[PDB]
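Hey, can you work out the whole structure from these sequences and the hints?
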Amino acid sequence: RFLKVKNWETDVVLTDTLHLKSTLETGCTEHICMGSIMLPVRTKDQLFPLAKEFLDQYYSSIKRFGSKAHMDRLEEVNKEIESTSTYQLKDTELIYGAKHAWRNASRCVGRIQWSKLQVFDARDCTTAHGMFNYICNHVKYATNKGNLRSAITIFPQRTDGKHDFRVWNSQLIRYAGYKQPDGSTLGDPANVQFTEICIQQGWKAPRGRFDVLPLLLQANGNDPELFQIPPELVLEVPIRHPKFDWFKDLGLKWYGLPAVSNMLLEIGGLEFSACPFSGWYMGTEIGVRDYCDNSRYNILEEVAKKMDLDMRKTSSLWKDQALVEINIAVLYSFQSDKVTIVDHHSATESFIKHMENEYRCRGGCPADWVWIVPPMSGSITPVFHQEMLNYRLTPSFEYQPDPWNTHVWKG
Amino acid sequence: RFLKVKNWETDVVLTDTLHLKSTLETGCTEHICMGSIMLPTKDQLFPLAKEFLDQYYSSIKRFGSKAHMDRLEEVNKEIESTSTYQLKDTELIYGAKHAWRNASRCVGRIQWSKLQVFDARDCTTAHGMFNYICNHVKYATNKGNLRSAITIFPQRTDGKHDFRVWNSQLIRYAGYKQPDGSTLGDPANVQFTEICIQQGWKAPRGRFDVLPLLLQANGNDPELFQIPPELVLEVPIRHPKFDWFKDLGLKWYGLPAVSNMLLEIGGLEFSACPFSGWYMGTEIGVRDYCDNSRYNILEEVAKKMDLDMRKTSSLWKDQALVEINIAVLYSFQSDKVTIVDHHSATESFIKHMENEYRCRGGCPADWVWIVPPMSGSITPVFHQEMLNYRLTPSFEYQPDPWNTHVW
Ligand code: HEM
Ligand code: HEM
Ligand SMILES: Cc1cc(N)nc(CCc2cncc(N3CCN(C)CC3)c2)c1
Ligand SMILES: Cc1cc(N)nc(CCc2cncc(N3CCN(C)CC3)c2)c1
Ligand SMILES: C[C@H](O)[C@H](O)[C@H]1CNc2nc(N)[nH]c(=O)c2N1
Ligand SMILES: C[C@H](O)[C@H](O)[C@H]1CNc2nc(N)[nH]c(=O)c2N1
Ligand SMILES: [Zn+2]
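Each protein sequence line maps, in turn, to chains S and W. If you read the first sequence in my numbering, its first letter stands for residue 43, the second for the next number, and so on. If you read the second sequence in my numbering, its first letter stands for residue 3, the second for the next number, and so on.
No wet-lab data here; the hints were simulated from the structure. One or more of the hints may lead you astray.
[Said to hold, decoys possible] Ranges between beta-carbon positions, derived for each pair: (1) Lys-355/S / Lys-204/W: 40 to 50 Å; (2) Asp-72/W / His-73/S: 47 to 57 Å; (3) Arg-84/S / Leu-41/W: 33 to 43 Å; (4) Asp-121/W / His-73/S: 31 to 41 Å; (5) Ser-378/S / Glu-356/W: 39 to 49 Å; (6) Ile-123/S / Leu-22/W: 50 to 60 Å; (7) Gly-293/S / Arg-312/W: 48 to 58 Å; (8) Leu-22/W / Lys-355/S: 33 to 43 Å; (9) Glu-122/S / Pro-401/W: 52 to 62 Å; (10) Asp-121/W / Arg-404/S: 50 to 60 Å.
Backbone N, C-alpha and C define an ideal beta-carbon position, used for all residues, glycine too.
See below:
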């Protein structure tokens with residue numbers, strides 16, 4: 043079966059065959075499309091074909107398909123599964139696996155970089171203290187004094203689902219949010235609930251607008267423990283504007299390291315429930331979403347005031363005007379401080395080239411248009427005009443429930 | 003099977019039950035989502051009729067009435083005898099309004115019940131069509147105070163006698179290929195323009211030549227008509243702050259009028275059914291003016307603003323984009339021609355959604371089309387989960403007639 047995608051700007055037509063290797067569900071049916079929907083303990087039974095599927099892909103990739111090495115490995119994994127109900131990946135397989143989960147991540151526009159991923163094997167970790175040490179090392183390596191390097195740290199896989207390793211933070215670095223008794227919010231409104239948890243767990247909150255949250259780390263299904271990332275490891279960028287001298291006085295700054303820590307990495311049927319990964323920011327994540335969402339720092343008004351735009355009617359587009367300036371400032375600031383960042387034009391242009399390369403060499407590139415198109419200026423970027431097919435390949439990154447909702451407290 | 007949609011900005015959750023009346027297909031499967039893809043007898047006919055007549059009679063609190071049963075009976079008889087049937091005026095109007103109501107890619111559906119329906123089913127010739135279309139244009143335009151309208155020509159019979167408006171929209175600008183290798187006018191309309199010339203149009207070869215109508219009646223060959231220039235309201239584009247903006251020589255037409263779609267009501271197909279409302283500014287200022295494959299004016303404007311165009315990261319493109327969209331809105335407002343900005347329009351649609359969930363149990367919506375082409379996430383629709391499904395009556399895409407026409 044063949045599927046075609048068309049770019050409506052260039053009339054370039056691509057043919058997808060890769061989707062034939064798709065696995066899990068989309069959430070859609072012939073009767074309904076759930077394209078804009080944000081969200082959607084394993085037996086040996088289901089486990090061996092998943093292991094075998096993965097190992098076949100791995101051995102194909104190194105051009106050793108059907109080799110004695112391939113066959114021995116299947117044999118080895120098979121026995122280990124029937125003996126122990128699970129199996130351990132070789133280091134090479136883990137690395138291949140982690141890289142491919144990123145390659146497969148249909149919501150990630152940064153995938154041109156997928157083969158350059160530093161994989162830190164933390165499968166020997168046994169305690170929250172050990173997790174903390176690993177994560178510190180990841181932060182320091184990835185930050186690299188502003189010259190950011192993509193990395194992922196992989197903690198031990200799930201066993202019976204009662205000994206899960208989890209990073210409770212949604213991201214390694216985020217700012218605290220505090221609800222005031224008057225209903226106003228200080229800091230990042232999105233993080234109010236998680237901040238309360240941290241506080242309950244013993245965190246002494248400074249209660250400012252940009253307090254870096256402590257790590258809340260769970261090893262082996264035990265109660266999570268709090269750790270503060272050494273401040274000297276947390277790289278931050280004061281936000282200023284190249285033309286507007288008043289922008290610095292807004293008091294804005296942001297952290298340089300975007301690092302997702304709440305997702306589950308599936309490789310060959312195995313589940314890695316703690317697998318924090320990091321790259322570098324695309325400007326709009328901070329400038330559009332973090333700063334300008336009504337549910338976040340929500341600075342559009344203050345900025346527009348300082349620009350003295352006509353704010354009495356939306357049709358003056360004062361919001362769009364301020365939005366652009368804020369995004370210029372974020373890009374300006376990061377560049378001036380020599381902290382790796384990419385603008386939405388560069389990143390989408392590079393994604394289109396990555397995508398075409400993937401079609402040519404791989405027969406497809408699953409992509410979620412809803413997430414790929416940037417949250418400002420969508421149609422002046424090339425991805426807007428690009429038809430995409432969304433499907434799910436493994437290895438993959440999956441959502442998982444938030445740990446505070448499922449954890450059995452030991453006390 | 004009962005589905006929830008969440009707004010991630012407001013945490014409001016809505017429960018959709020209306021999707022369980024979905025009929026047509028999405029293109030999606032359990033293995034693959036095609037959400038970003040632009041394009042897709044007597045026995046077949048009566049259940050479709052019944053489905054529609056049932057929803058019609060339900061809408062007027064008369065479900066299971068004798069008038070309901072009698073109508074159903076009459077239609078069944080008429081299909082058995084004639085192989086088709088004719089809609090009552092009331093049914094035609096209900097159907098057209100609901101086709102709009104069901105248009106999942108339309109952000110402007112809060113206006114759906116306020117639609118003027120012109121019944122043009124008595125039309126027999128292309129001259130008749132031209133007259134009806136002029137009248138539509140004049141009514142809809144209303145000296146700048148736009149009113150939504152649809153004109154509905156005779157329904158398909160054996161498919162050999164289709165009425166078609168060959169133009170994709172009632173009002174558009176010609177496109178010509180230059181010996182300079184470049185393109186003059188609207189690049190998207192080169193092919194259609196050549197067909198007009200081929201069919202005898204004397205082209206002015208300007209940058210904003212309003213295309214003639216190419217009208218096909220009763221499956222006959224399409225004929226050419228020029229819309230009376232005085233009925234085509236256009237708006238010169240200026241900026242409230244940049245005096246030089248007027249010098250780009252830009253204008254656009256006030257009436258957005260889609261003319262290439264198929265209206266399906268109760269199994270009947272109306273292949274010629276031009277409809278119109280009023281513009282959302284981004285349509286002109288983002289897509290028409292700034293698409294690289296359209297008028298593509300970003301660089302020209304940017305230079306006039308003297309932005310640093312050396313590096314993408316100065317966001318000069320985004321800056322020019324905003325000003326271009328400011329000028330469009332300002333120009334229409336100044337000339338008192340109805341227009342709506344994307345903030346206002348998307349805010350309206352969120353209200354409409356909540357109404358539809360509250361009173362109908364859902365609202366089919368295509369997020370990919372509903373979210374505006376600029377400033378997506380500072381509009382409320384960005385943060386609104388939407389379920390996309392196909393309800394009938396419906397507007398459907400159909401094959402361009404030049405690939406179909408047996409000349
Ligand atoms: C190196 C430069 C990278 C760039 C510029 C980039 C860009 C982005 C952006 C803008 C998003 C959307 C984020 C949001 O809206 O919340 C995203 C999502 C995502 N990225 Fe990438 N990324 C990079 C690296 C990585 C790496 C190293 C991985 C994994 C190894 C990764 C995996 C993912 C996944 C799984 C998502 C979707 C997560 C979700 O649903 O919340 N990315 N990326
Ligand atoms: C009155 C104010 C209206 C507004 C502000 C509005 C807004 C829009 C916009 C922005 C689009 C996307 C068009 C594009 O990007 O090319 C659209 C599409 C659409 N609209 Fe509405 N519209 C209005 C009236 C109407 C009316 C009166 C009808 C039908 C009677 C209608 C039915 C549709 C349909 C079927 C589409 C999809 C067209 C396509 O697929 O190309 N709209 N509308
Ligand atoms: C690997 C990676 C690269 C990149 N460019 N962005 C990301 C997302 C980073 C990120 C950091 N902090 C917070 C978030 N949140 C913002 C709020 N959003 C709702 C969820 C994601 C996301 C990850
Ligand atoms: C009823 C209606 C209301 C509205 N605001 N917009 C529309 C779209 C109208 C429209 C006018 N001219 C041209 C187009 N084209 C632009 C190019 N695009 C690829 C197809 C649609 C669309 C229709
Ligand atoms: C409801 C909708 O899916 C939601 O707002 C999505 C839209 N696209 C997105 N795209 C990115 N990159 N990140 C997001 O959080 C979202 N949110
Ligand atoms: C490939 C993609 O579907 C295409 O560029 C779409 C995206 N969203 C759109 N949305 C609207 N309203 N109109 C359009 O023409 C498009 N084009
Ligand atoms: Zn879908």
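Q: Determine whether the Cβ-Cβ distance between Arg-84/S and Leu-41/W falls within the hinted range of 33 to 43 Å.
A: Between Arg-84/S and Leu-41/W, where Cβ atoms are some 40 Å apart, the hint holds.
Q.
Taking the Cβ atom of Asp-121/W and the Cβ atom of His-73/S, is their distance within the range 31 to 41 Å?
A. At 33 Å between Cβs, range holds.
Q) Is the hinted range of 48 to 58 Å satisfied by the C-beta distance from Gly-293/S to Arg-312/W? A) violated, 31 Å
(Q) If I claimed the Cβ atoms of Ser-378/S and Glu-356/W lie 39 to 49 Å apart, would that claim hold in this structure? (A) holds, 44 Å
Q: Check the following: the C-beta atoms of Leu-22/W and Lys-355/S are separated by a distance inside 33 to 43 Å.
A: holds, 41 Å
Q. Holds or violated: 47 to 57 Å for the Cβ distance of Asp-72/W and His-73/S?
A. violated, 33 Å
Q. Does the hinted range 40 to 50 Å hold for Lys-355/S and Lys-204/W at CB?
A. Holds, at about 44 Å.
Q. Does the Cβ pair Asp-121/W, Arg-404/S satisfy 50 to 60 Å?
A. holds, 54 Å
Q: Note whether the CB distance of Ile-123/S and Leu-22/W lies within 50 to 60 Å or breaks it.
A: violated, 42 Å
**Q.** Satisfaction of the hinted span 52 to 62 Å by the C-beta atoms belonging to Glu-122/S and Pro-401/W
**A.** holds, 58 Å
Hint compliance for this structure: hints 2, 6 and 7 are broken, all remaining hints hold.
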